[PDB]
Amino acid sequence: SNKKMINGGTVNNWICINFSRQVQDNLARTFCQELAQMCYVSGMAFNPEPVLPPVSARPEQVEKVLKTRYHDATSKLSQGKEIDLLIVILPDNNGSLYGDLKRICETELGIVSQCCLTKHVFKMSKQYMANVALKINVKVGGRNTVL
């Protein structure tokens, strides 16, 4: 058997930031739509729409774009609600960006993040999406089976 969800978590509010120059806005949107669908049919509560549309940004601006987008999205929520997930599209070879982004999200914004490399975003394979959904589920407090 493959791993599956036991308890699906909840992602009611999420956003996407893209850092790859090969990824146009509608590809980021489509990728996130398909990932959201996979998360839902696997057993999560997962909003099919993000709080804000995807934004594309330069890696060098990572701190500022994360903080600005976090603030803008959070401000759009009903009072007291918080962002559950940031989906980040990253260049395949991104140097210090991955580590910088995880530090900022974990220790400054306090938001769960799921990174997805450009090469996988183009393909949107079922198996890839299923694995990412499993990872998101654990990060937001869900529980998966073990092999």
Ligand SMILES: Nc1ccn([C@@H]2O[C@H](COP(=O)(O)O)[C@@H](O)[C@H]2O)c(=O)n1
Given for the second form:
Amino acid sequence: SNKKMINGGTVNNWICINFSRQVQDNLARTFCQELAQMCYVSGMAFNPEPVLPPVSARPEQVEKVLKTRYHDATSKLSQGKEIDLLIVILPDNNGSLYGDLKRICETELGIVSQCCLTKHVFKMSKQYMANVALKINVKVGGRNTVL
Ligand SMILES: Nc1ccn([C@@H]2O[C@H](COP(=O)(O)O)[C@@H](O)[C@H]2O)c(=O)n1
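So that was the form deposited without the named molecule. Now I'd like the form deposited with the named molecule bound, please.
Now the full complex is given, and it begins with the chain already shown.
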């Protein structure tokens, strides 16, 4: 028995920001679609479409891109609704980016985030997707089985 979802959480509103120069917009798009699909079939409610298309940014502009995209996506929502998830694509070797990302999301935006390395985005294996779905589920308030 591999882990499974007991209670699937809900992601009605999500966006993706990409920080990897090896990843074009369409690949980010396709990756997120596969991830959304896995989350759904595993037992989550998960909108197949993001609030806004993926955007690509340089790691040096992490603060600016996050706050701007957060503001723009939120303003697009029905009044009172919030962004449930930010998917972030990172270079395999990203230095301080991961930590900066987390501090901003956790303590400034108050948004749940899931980071995904470029290497995994290119591979898009079903096992990887399943694992990330499990992580996302816990983060949005769902519950998974224990081994
Ligand atoms: N300081 C860190 C810690 C994790 N990561 C990476 O982020 C991923 C998981 O991100 P989450 O914390 O958002 O679940 C992994 O696949 C991992 O190797 C990183 O790139 N730098």
